[PDB]
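Put together the whole structure using the sequences plus the hints.
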Amino acid sequence: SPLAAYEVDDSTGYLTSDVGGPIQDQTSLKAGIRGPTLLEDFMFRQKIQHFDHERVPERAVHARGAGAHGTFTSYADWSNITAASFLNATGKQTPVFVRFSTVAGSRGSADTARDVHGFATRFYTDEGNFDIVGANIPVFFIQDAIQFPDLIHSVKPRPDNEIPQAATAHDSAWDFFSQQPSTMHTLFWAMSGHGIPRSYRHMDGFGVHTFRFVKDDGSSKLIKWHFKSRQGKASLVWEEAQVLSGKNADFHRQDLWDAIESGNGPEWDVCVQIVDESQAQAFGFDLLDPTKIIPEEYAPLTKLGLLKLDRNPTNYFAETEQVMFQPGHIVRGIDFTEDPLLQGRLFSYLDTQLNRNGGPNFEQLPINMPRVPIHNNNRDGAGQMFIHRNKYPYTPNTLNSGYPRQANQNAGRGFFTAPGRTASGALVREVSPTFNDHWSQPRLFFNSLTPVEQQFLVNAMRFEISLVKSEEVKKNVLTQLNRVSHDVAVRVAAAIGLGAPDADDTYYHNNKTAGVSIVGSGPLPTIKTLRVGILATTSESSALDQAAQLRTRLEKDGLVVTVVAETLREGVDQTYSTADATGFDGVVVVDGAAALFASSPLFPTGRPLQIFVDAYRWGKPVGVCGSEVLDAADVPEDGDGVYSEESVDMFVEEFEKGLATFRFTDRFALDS
Amino acid sequence: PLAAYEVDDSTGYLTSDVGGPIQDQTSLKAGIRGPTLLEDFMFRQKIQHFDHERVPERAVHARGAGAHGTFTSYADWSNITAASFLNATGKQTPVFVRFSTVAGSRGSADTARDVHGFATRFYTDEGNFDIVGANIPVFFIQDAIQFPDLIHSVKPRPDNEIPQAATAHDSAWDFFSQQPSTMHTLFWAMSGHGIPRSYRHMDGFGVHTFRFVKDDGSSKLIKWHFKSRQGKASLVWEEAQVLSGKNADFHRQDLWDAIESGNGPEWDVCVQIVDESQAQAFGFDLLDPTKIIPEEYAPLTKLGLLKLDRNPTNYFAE
Amino acid sequence: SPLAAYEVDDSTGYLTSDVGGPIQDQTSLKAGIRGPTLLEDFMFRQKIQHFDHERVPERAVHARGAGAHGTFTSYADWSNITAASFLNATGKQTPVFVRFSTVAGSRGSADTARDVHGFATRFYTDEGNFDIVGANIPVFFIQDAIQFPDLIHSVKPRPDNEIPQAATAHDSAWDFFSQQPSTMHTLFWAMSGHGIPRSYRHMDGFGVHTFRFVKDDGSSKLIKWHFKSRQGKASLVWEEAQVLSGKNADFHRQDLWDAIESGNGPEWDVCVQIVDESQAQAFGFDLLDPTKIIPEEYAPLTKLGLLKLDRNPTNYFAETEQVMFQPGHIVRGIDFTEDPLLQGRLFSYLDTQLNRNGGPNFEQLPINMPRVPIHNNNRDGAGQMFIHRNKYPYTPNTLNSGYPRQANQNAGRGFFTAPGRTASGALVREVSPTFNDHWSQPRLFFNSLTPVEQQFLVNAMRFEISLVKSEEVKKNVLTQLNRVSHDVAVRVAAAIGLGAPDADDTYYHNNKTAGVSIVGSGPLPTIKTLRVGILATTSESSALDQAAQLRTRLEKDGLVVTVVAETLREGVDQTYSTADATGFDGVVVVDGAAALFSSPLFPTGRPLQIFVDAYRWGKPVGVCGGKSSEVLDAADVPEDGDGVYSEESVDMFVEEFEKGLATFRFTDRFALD
Ligand code: HDD
Ligand code: HDD
Ligand code: HDD
Ligand SMILES: [Ca+2]
Ligand SMILES: [Ca+2]
Ligand SMILES: [Ca+2]
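Protein chains in written order, with this note's numbering: chain A, 1 to 672; chain B, 1 to 318; chain C, 1 to 673.
Hint data in this document are derived by calculation from the structure and do not stem from the laboratory.
Some hints could be false.
Calculated pairs, EDC-like style, for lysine to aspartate or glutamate (alpha carbon to alpha carbon, straight line, at most 20 Å) [what the hints assert, rightly or not]:
hint, chain 1, residue 1, chain 2, residue 2
1, C, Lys47, B, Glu39
2, A, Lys30, B, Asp285
3, C, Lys391, B, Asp159
4, C, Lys215, C, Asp126
5, C, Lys221, C, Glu338
6, C, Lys47, A, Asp351
7, A, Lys469, B, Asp257
8, C, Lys391, A, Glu261
Now the in silico label distances, taken between C-beta atoms and shown as ranges [stated by the list, open to error]:
hint, chain 1, residue 1, chain 2, residue 2, range
9, C, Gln165, B, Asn128, 30 to 40 Å
10, A, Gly522, C, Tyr403, 47 to 57 Å
11, C, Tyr316, B, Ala279, 49 to 59 Å
12, C, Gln165, B, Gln48, 31 to 41 Å
13, A, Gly522, B, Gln48, 45 to 55 Å
14, A, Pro419, C, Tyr403, 56 to 66 Å
15, B, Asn128, A, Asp160, 19 to 29 Å
16, A, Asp160, B, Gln48, 21 to 31 Å
Just so you have them, the derived chain A footprint on chain B, three or more residues with Cβ under 8 Å [as the list claims (entries may be wrong)]:
hint, stretch
17, 24-31
18, 50-61
19, 136-148
20, 247-256
21, 306-316
Don't be surprised by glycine CBs; every beta carbon is placed ideally from N, CA and C.
Written as structure tokens, this is what we have:
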């Protein structure tokens with residue numbers, strides 16, 4: 001692997017320059033012990049110059065992200081449906097690297113911003129690198145790639161003052177959304193709990209676009225990729241996401257890192273929906289339109305293989321920061337479609353790597369290299385790392401005996417465009433009328449959420465739109481929401497004191513679809529990796545005792561347990577001063593600690609109780625082991641997802657069921 | 001002030017960068033549901049610009065915000081310096097100032113605990129003069145060659161890039177404990193100075209000793225102190241953490257709002273002035289940037305007024 | 001080959017993208033057979049994007065040059081003068097790479113422009129890469145690095161229209177020279193035959209600056225680097241260099257390439273003049289002044305080892321174009337001096353690579369990699385190839401156990417600055433007055449040339465100065481030349497119609513030094529690789545047999561023979577249409593071909609003109625077969641001239657002609673003032 005070969009060991013040895021000369025790097029060379037630094041200090045300059053040049057431009061979108069290595073294993077020989085080599089035998093294994101991201105934030109912005117998320121997977125196949133550069137959400141904001149800068153400028157900070165960071169909660173974004181109705185579907189996904197997933201591990205992946213699978217005989221079918229999480233899906237609530245941004249801006253990347261270090265590497269079933277070419281407009285919308293999903297009732301999933309992430313990078317810059325994905329990295333057996341969003345994307349990713357890398361040889365970075373030989377006539381360019389032995393790099397040649405040979409459908413396993421694809425008509429800059437329904441699928445989506453999820457979504461909109469200064473933009477927003485659902489527009493307008501416009505039922509209906517709701521998708525299928533905070537005290541040997549015994553029984557099931565006390569000591573992991581409810585999926589107070597919950601120089605006033613109340617209001621399983629304490633909280637002993645038991649075993653057993661349920665949604669007020 | 005470079009887009013038709021009127025909402029396709037054409041220059045010039053919008057962030061002080069203002073001299077300071085912007089009572093010079101945290105990337109929160117930069121350009125009639133200063137009057141280290149060691153230790157661990165904008169991790173404290181010069185800046189950073197209420201409520205320092213040089217050749221040693229006229233004020237930690245999440249832009253918004261409401265922040269720009277012969281007279285070395293000269297030993301002389309009163313037009317360009 | 005690890009083989013296999021996907025690259029994807037090209041065609045865009053970005057900026061100076069790999073072998077254990085590890089044992093071998101170049105011309109400009117030349121050597125030592133970035137001439141134009149852009153602007157093309165390419169023959173250069181008299185020394189070397197060397201292999205190498213040798217005990221001595229050519233020194237004549245520039249702009253790079261390919265890799269003795277610290281001002285001038293040589297009479301050379309170039313690159317762009325030399329690549333045992341031209345160079349070489357490479361990681365290019373492990377805390381930056389395991393890249397640390405360790409004089413074989421070096425005084429932008437004599441050494445140089453060499457030098461000056469438009473500049477030039485030698489100013493003045501000014505004898509003397517004269521360094525020590533052209537004819541079966549016999553005999557002694565005729569056939573290498581006297585060091589006509597001396601197959605008079613040019617440029621020429629007077633009379637070449645040969649016998653002809661090839665140039669054939 002080109003990664004092993006380029007690993008550099010510094011665990012022994014003397015400091016050297018980049019050209020291998022042993023040196024020191026701690027004192028500048030000076031004329032006299034109190035004199036000025038000398039230009040001839042090469043040691044100073046080579047070190048500072050490296051440091052001066054360490055940064056590269058951040059990605060234009062998806063700048064905040066993290067990745068990991070893993071493996072993809074095919075479940076079957078899929079030759080009946082695609083020629084793709086990585087899919088051509090049962091048990092066939094391919095190395096992968098995945099990077100997850102938000103969209104709008106710059107590289108230091110918080111993981112738990114409300115946003116759409118990237119899910120980019122590189123398969124290093126035996127017939128070349130194949131990238132699926134996908135999302136946590138199956139539909140996108142716009143219908144033509146040429147609009148991407150427009151969308152992105154509106155959602156990124158206003159350019160006079162560069163405010164606000166990583167947020168659609170400002171005028172320009174809502175102006176664009178309200179002026180460009182195609183945005184509604186993704187908008188509804190982004191405003192639901194999908195905008196604030198619990199972790200990268202608890203989100204699906206989607207290729208968004210229709211692609212083709214192409215067989216060796218040249219026949220082809222239309223496909224949508226769906227990466228289906230084995231950890232189940234989960235979100236934060238918004239008041240929790242906000243606090244988390246401040247307390248742990250690295251929440252998602254730490255979650256991914258830690259799960260992999262503990263042998264809980266995340267898994268997804270890689271699936272396709274697969275349909276015939278003739279069904280391009282059969283489902284009541286156009287499969288070239290990336291704002292639409294094919295409901296599962298219309299085309300079920302076929303499982304192809306298992307994606308597992310199971311090793312962290314060695315150097316984040318060299319691997320995560322430098323990985324350069326491109327939908328143009330395609331392999332024989334896969335082909336594009338005439339999705340006008342997909343089509344322009346092919347151009348952008350090849351071009352943008354010149355900006356990041358500063359030079360044309362970016363496919364030579366080790367993370368970008370393939371796992372097979374490279375035979376082509378590309379030459380020179382800044383940062384050329386190969387030494388080519390073919391001095392006759394042109395086709396046709398006889399001087400290198402005609403090598404490299406052309407690869408195509410009938411030679412060298414060449415890529416080939418699906419040979420039934422055709423084009424006809426005028427050369428136009430016109431939008432197909434088949435793309436015009438912007439509102440029926442956002443409605444379908446909303447209809448498919450539970451009542452508490454619908455409320456969350458309305459509340460996300462009320463929160464954002466209330467921060468829009470322009471009263472014109474606010475009214476324009478309500479006009480658009482109203483075409484999806486009168487009821488959403490009445491509820492959102494209540495909060496901003498404007499009147500919804502009159503119901504306009506053109507795009508209304510009652511249809512629902514499966515697999516789009518987080519709460520409706522059940523208890524989590526595993527609670528491993530989930531986090532339990534046990535609030536305890538040093539003033540009481542019984543407290544640390546009860547804590548230790550819970551720890552045993554909770555760590556038993558693969559929960560990450562943190563014991564919190566006023567000060568560190570054996571058995572205590574975190575002080576109250578640094579603890580927060582955003583740090584746990586469940587909070588347990590050991591009754592031995594009743595007294596912290598009625599001042600201290602060691603932590604902010606009311607910190608112990610605040611954690612517990614926060615946890616409760618945000619819907620987490622909370623409880624007391626050993627009561628009265630539930631009074632101090634004002635937390636009802638008979639509420640769902642509130643546990644109080646004298647027995648450790650009965651407590652843990654009930655509490656684990658709470659963890660699976662994950663959120664107690666009865667704690668949230670619904671509109672009338 | 002930079003009027004001559006401004007570009008007005010409040011009217012007109014869309015053009016290319018070479019003035020050809022064009023559209024930019026739909027790609028050119030072979031047929032209405034067909035593939036996009038390579039000959040669509042409108043599409044490629046637009047996406048190419050977008051693909052190349054970003055430039056590398058600053059290696060340190062990536063997160064920051066800036067504004068235009070005026071420096072007004074209080075006196076004719078020719079008897080201490082030949083510097084021309086300081087040479088007549090009331091003399092006015094345009095400035096631009098950028099404030100910042102040190103360790104976080106672009107996007108990180110304004111109210112991380114950090115040292116802060118306070119950089120001022122004076123566009124003088126004898127050339128640009130820059131004081132690239134700090135909210136804290138002393139720096140962590142005593143030799144420039146050690147800078148990448150400091151910054152690598154305080155920036156996120158390089159295997160996973162965790163934690164963002166925070167000294168709260170092993171590498172940084174390992175460095176602080178092995179490099180005892182760091183103690184002075186460390187104490188200031190751990191105080192309320194690490195979490196100012198606003199850019200307007202902190203002071204600015206040159207940190208280094210410099211020289212003033214007269215037209216006759218004689219010099220003096222000086223430290224620059226910009227003394228805030230808004231007063232000093234800090235957050236408390238627990239509030240700074242919450243604020244970092246509720247409003248990552250808190251200091252830039254504070255500054256921007258103060259200027260738009262007529263409340264542009266002001267500093268008195270001062271120096272401690274001492275003789276060449278005093279370089280070691282105060283019980284430490286004036287060349288040593290981990291040290292202050294206690295005001296008991298050399299009082300501040302006020303040279304002029306710094307007022308920031310104009311927000312930029314384009315954050316990126318400015 | 002030392003860079004085998006990075007080689008890419010394309011002698012078999014199917015075309016792929018840079019990411020391994022097999023593809024085609026001959027036809028674009030179109031909507032229909034006569035339709036427009038599709039944006040989705042990634043095969044097209046990856047291929048054209050690469051091509052669109054193949055170029056990097058050429059070097060700011062020395063843009064035009066050529067390189068080869070080789071070996072350095074130490075003749076001894078040099079620990080008695082230096083701690084340098086590549087010099088620590090008899091027969092110790094170190095891979096090198098060397099690049100030779102001109103200075104002013106762009107990429108593409110002609111090898112045989114009149115110029116100073118670069119001679120840059122990398123030693124990939126077991127203690128780090130060490131570069132000697134030197135010259136063919138021992139002295140530089142200017143005494144302070146800060147003046148480099150002024151020198152280079154004045155000698156480069158004028159910036160309104162970019163004329164003239166690779167030439168000092170224009171007003172701005174001579175304005176600079178006349179206003180900046182430190183330039184005189186280097187200017188006299190450039191105007192001599194050293195400005196137009198016969199090949200890279202026939203020139204010497206110089207460090208220019210005084211450096212220090214430092215022993216492991218911290219004592220030091222001052223050194224000058226001299227690389228003495230084992231092929232001998234040889235120049236072209238100006239009228240020939242000019243024709244060559246147009247007939248073969250690749251002359252020196254081809255000469256080098258062919259020499260290595262035929263097993264005749266060029267060699268140099270790498271030497272030093274060594275002197276004590278306390279002799280910095282003992283020789284009549286300042287050793288910190290890069291415009292001065294230590295005459296050999298005062299400090300003899302010590303031979304340190306053998307430099308041999310014996311392997312051409314595989315990819316010119318990857319190896320020669322990308323090699324990035326720096327005097328900052330220094331190794332323990334060597335140190336800098338306070339030469340102000342050297343001091344500033346340290347800065348420029350590190351900085352200019354950011355320009356060429358477009359990013360900070362240029363030392364990771366294969367050609368620039370060291371041959372030993374790298375342990376340091378430099379990280380990230382564009383194009384980062386390494387994946388560093390150490391997650392605590394700062395010092396001091398405990399979390400990586402204090403590694404990498406600091407290296408210095410007493411631990412880890414660290415570089416260290418010579419401990420005896422000091423500075424004292426005010427911080428100044430003043431020139432030392434010890435640097436003020438700009439004229440005595442150019443005069444010393446002029447005196448050590450033979451009378452014909454002196455004529456060539458005067459003629460190079462007349463040629464260039466006559467092309468200066470400005471009469472003021474021309475006057476100002478005679479003023480400076482006049483301070484060197486009244487005689488030079490008189491003789492140049494005559495060409496341009498101006499009086500020389502009155503003798504000014506402050507700096508005149510009659511002193512001479514060894515080893516700076518090309519024409520006085522005796523005959524070449526070897527003639528292998530020298531080029532013999534045999535003019536012959538297809539009309540006569542017997543001319544091709546004389547040519548074959550003559551070929552066989554000459555090739556036996558390692559000479560490169562070209563038979564020329566009207567048309568190619570077995571045994572004929574080149575047509576008259578392509579042949580020129582610049583392609584040969586010697587020209588023989590086989591007397592079966594006397595009749596050629598008009599056709600549709602070559603320009604009128606071409607065969608005769610080859611012989612006449614060869615004679616007029618000082619080459620050995622002759623006629624073989626026994627009947628000579630018809631060729632010789634057509635050419636106006638006297639039968640008894642030195643370097644003119646006629647013999648019936650092949651054996652006898654060659655023995656005499658080979659003496660002429662060693663003499664190389666017959667200087668009796670050029671007029672004197
Ligand atoms: C025409 C412009 C354009 C359009 C329409 C899109 N993108 Fe994109 N995308 C970019 C232009 C781009 C980019 C500017 O080219 C980026 C920035 C850095 C890079 O490598 O490419 C990028 C990066 C990028 C990344 C980060 C890859 C990584 O982790 O480095 C993901 C996951 C996506 N995009 C996903 C999408 C999805 C699911 C899209 C719509 C379905 C989409 N992009 C449309
Ligand atoms: C030799 C390395 C080094 C050392 C010892 C310092 N700095 Fe620095 N500084 C840089 C290297 C640097 C830099 C890498 O060159 C930066 C990053 C971006 C830039 O323009 O310069 C910079 C940026 C920078 C900025 C941001 C300016 C802006 O807003 O654009 C400020 C305020 C400072 N520095 C202030 C300081 C102070 C008060 C120092 C100690 C007295 C200090 N620096 C020591
Ligand atoms: C202050 C600037 C400066 C000064 C005073 C000099 N040079 Fe230089 N030289 C450069 C700045 C430079 C440079 C701009 O940095 C180059 C261009 C590309 C590079 O690598 O460095 C260079 C290239 C360069 C090369 C080409 C190396 C190669 O083949 O790649 C040689 C042989 C020399 N120089 C030799 C000299 C000699 C013998 C000098 C006087 C004794 C000299 N230089 C003074
Ligand atoms: Ca806005
Ligand atoms: Ca750490
Ligand atoms: Ca000129």
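Contradicted hints - numbers only: none
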